[PDB]
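What follows is one chain in structure tokens, specifically the form deposited in one PDB entry.
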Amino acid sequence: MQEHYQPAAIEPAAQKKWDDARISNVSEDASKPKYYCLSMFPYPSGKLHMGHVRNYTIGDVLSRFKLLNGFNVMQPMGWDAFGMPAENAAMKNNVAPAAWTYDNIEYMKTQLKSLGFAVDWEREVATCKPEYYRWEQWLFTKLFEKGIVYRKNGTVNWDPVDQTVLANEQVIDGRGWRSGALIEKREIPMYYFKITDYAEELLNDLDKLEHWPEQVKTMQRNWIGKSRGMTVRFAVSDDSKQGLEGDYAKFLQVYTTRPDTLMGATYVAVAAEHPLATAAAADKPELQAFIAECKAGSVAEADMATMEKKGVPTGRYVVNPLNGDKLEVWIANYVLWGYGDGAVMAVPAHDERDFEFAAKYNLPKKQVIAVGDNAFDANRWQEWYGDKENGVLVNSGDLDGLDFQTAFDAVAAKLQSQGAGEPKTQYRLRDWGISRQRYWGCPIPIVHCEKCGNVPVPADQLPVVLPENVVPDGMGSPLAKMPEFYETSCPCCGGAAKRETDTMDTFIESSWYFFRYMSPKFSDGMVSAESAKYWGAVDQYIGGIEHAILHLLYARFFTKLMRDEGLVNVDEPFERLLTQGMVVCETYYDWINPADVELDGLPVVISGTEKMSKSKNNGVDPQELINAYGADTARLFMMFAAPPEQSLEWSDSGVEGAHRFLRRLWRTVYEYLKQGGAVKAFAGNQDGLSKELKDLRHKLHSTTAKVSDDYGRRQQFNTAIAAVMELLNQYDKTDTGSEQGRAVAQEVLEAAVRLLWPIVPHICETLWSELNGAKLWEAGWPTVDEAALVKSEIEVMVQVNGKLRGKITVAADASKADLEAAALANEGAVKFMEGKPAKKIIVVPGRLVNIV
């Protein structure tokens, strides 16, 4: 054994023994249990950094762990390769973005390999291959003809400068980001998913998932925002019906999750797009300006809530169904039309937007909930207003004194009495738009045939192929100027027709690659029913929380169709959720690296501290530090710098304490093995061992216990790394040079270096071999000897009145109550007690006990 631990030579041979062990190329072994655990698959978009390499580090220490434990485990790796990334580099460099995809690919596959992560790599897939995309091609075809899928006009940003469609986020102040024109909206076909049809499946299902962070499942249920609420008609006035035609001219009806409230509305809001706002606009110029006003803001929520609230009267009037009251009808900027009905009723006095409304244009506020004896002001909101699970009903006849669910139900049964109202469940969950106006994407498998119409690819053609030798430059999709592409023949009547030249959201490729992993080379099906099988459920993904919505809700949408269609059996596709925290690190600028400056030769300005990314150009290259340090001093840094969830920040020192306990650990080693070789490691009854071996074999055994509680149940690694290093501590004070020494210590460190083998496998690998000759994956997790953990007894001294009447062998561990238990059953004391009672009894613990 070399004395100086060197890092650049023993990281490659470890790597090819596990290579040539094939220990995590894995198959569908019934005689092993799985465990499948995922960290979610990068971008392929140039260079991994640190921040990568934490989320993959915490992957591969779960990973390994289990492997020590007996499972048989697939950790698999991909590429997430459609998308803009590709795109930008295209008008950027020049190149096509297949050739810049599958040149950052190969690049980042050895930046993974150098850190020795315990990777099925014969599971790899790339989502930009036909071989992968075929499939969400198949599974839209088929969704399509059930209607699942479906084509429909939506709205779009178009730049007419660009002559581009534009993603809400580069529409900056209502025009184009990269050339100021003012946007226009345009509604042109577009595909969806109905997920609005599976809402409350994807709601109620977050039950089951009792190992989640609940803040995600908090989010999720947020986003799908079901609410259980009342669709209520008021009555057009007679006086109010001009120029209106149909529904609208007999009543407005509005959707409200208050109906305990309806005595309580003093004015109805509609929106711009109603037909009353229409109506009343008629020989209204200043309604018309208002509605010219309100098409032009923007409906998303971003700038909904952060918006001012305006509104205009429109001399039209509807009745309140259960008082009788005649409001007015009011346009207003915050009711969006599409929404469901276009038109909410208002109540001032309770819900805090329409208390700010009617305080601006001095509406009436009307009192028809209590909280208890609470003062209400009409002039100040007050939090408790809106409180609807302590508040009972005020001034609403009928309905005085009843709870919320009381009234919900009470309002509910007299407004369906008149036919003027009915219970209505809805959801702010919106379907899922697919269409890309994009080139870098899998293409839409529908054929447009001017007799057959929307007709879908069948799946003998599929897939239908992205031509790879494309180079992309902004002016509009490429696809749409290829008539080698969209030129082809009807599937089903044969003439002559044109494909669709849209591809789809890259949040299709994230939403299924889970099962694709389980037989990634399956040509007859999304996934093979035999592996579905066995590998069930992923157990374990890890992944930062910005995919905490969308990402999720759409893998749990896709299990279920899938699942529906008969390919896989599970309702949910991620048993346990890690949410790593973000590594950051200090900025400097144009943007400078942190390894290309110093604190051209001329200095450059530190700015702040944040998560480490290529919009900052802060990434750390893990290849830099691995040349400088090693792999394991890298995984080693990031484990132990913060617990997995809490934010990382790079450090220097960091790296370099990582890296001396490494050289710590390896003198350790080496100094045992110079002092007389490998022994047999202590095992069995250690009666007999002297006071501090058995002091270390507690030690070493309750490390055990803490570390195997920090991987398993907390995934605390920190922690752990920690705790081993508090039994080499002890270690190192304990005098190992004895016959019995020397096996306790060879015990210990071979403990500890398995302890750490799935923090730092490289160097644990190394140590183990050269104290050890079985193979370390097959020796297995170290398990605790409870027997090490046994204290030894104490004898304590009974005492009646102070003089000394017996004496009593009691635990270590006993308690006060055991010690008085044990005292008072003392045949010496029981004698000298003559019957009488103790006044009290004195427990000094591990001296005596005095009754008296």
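Just so we're on the same page, rigid core means the largest C-alpha set that superposes within 1.5 Å between forms. Residue numbers count along the first chain shown, from 1. What changes on going to the form deposited in another entry:
- Core-superposed comparison between these two forms: among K616, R697, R499, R742, the single residue whose C-alpha moves by 2 Å or more is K616.
- Shown in the overlay between these two forms, fitted on the rigid core, is a CA shift at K451 smaller than 2 Å.
- After superposing the rigid core, the C-alpha of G657 moves by less than 2 Å between these two forms.
- The rigid-core alignment places the CA of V411 less than 2 Å apart between these two forms.
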Contents of the next structure:
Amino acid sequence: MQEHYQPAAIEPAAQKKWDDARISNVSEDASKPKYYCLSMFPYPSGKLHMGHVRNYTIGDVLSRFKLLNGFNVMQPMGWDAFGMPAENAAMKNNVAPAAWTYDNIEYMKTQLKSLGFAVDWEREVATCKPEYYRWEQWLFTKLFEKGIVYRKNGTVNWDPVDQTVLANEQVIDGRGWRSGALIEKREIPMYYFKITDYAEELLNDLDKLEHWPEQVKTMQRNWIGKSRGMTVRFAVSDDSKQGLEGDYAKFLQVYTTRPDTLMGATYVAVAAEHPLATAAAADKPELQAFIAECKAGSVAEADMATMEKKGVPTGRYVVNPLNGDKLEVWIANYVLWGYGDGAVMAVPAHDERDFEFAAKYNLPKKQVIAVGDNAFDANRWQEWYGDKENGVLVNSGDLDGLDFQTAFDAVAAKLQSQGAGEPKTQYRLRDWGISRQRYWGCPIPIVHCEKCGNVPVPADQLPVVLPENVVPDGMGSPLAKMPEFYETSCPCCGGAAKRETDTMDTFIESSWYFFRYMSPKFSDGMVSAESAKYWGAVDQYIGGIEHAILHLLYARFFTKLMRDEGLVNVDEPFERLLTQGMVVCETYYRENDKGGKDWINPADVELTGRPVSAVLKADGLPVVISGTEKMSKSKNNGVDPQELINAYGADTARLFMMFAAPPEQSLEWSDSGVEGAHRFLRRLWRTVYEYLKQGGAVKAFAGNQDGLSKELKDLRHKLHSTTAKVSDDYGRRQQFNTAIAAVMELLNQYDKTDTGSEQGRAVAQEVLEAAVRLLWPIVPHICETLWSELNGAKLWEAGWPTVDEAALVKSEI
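Same protein, different form: I have the form deposited in one PDB entry, so give me the form deposited in another entry.
There are no partners or other molecules in what follows, just the one chain.
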């Protein structure tokens, strides 16, 4: 055994040992209990970043822990390969997105292998290969026939200078983020998943997920946004009917979740597209301009609530069916056409947004709810104004004294008897629009025939292969400019026809890849029945919190679709969910000759104990140390994990990632922290080396410890206490930094114990054999090497250390 720890001399050898034993290559073995541990698969962007290393180390800790506990562990990896990155790289580098992708995959795969993750590489998938995406085309065609996928006109943001469609997030002040050109709102036919048909199931099945973080479930519930409310129809006043047709001349229909406050409505608000707005705006230029501004807005969903709320009066009036009040209709920018009726009532005394709206425009506020003896102030909002649990109705005529639910029902009865309203359930959830006007993505398996319509491609003809010999040019989506692709024959009639040229939202590939890993070479279906039956659902999912809403909702939706197709028989894809925090680093800059800042990468900086400033490492010239934030290309503060691996080895990288912070917490890059991790591995190495240098290995202590000295009993107590703590940290708390600290304390106590005697050496052997197995999930290369110097058995067959209960009983006084 070499005296000094040298990662480059041990890490390739350990990886070859595991590869040869095929310990991570698993089959559907009915004799061993399955465990499916899955980390969110990466975009093959070029090289790993530190967020990747943290995610896949967490996954590997849990996977190796379960492996040592006797599970048949599947830990698969693959590549979320479609999307805009490869297209931008294509336009920047004049290479094919496919060529760029496959080169990146090969490089990043080598990186992952060098980190020693216990991955079943025989299950690798790449979502840009036709062997993968043919199956989501297949599912598309099956749901299209059932109407679960459908085609309808929708509105997109068109950038006329970049000649491409933009999401709301890429529209700034009504202009394209890169071009700076004014966006055009365009109506185009697009394809949608009817996810609203599954809203109730997606909402209610969240309650099954006892091992999901409560915040993720809360975010999903709020996104789905089910409400139990009331439809209410306000008769249009006789003087307000000019320009109105049909039922819009008879009544203004609204949806409210607070019909118990209907006696307190003081005005109503309609969307810019509402017929009442159209009729009112006919002779009023200010209304026309307000409507145009609303239609030209491109507010992203995450920003909708922060938008400043604005409105204009219409001079039109409706009548409250409960009390007979004549209320003025306003057009407001927060009322969205397509949500319910595109019209709401406003109760400023008991809804905070209505309070601020009415306070701005000096609209009336009428208290109809009282909470105890609390004072109502029409000039200042108080939280109890919105209370639904402990209020009773006041100023509400024959409804006074009722609580929320009782008043809800009485209003429902009153309105229904009059024909002026009825209870109604609504959902914020929109249908999922999947058409993308992009090249590097899964082709939509539809053929347009002037005789037959929009026709799904037959299953025998799938996949519709995306041609890979394409270099996007930036003057429009390439597929629409390639007749060699889109000119085809109709599969129903054989007539001249055109393939659909839009591609699929790349969320589609990540909505089912966890099932494909179960049988990634299965050519007769999305996933084979035998594999789906064996692996079931993902036992443990690990990924960033930024995916808590869309990706997880989409995956749960696809799981229920595939269940309803007979492909799987789980209701939920992921049993346990661990969401990791971001990785952050200090930033560095020098000021510009243009009064700005240029951001320097930390690897090109050297600091100069009490630290005082830093300078550029190539050419000494002091830079400004700046604030710490998420690693990004924006502030050029990304630390290349490859340089960390090159300088210290994979185990140091993994140990620092797991020790620096709990997974949910932000992990701050620290040079001293990395050095501390490496120093700890050197200490572990030296501890075993020095132990073996003073006598070589012995049989580890086991059994009755009567007659052991007090000092050795105390060390065995610490040993088996540490095993219990680490087991609980890996298995239950999923806090790995405290597990590492626990082993450090065991080694601290070992260091203070005289283990020179015969019984001392046996206990020392027991301590070291446990310590290297307790740390193997985190730093497997060094623990594999040290284990083999201590013991001739296969470490993974020795298994997870057991707690000796007898070592935890204390002497009787």
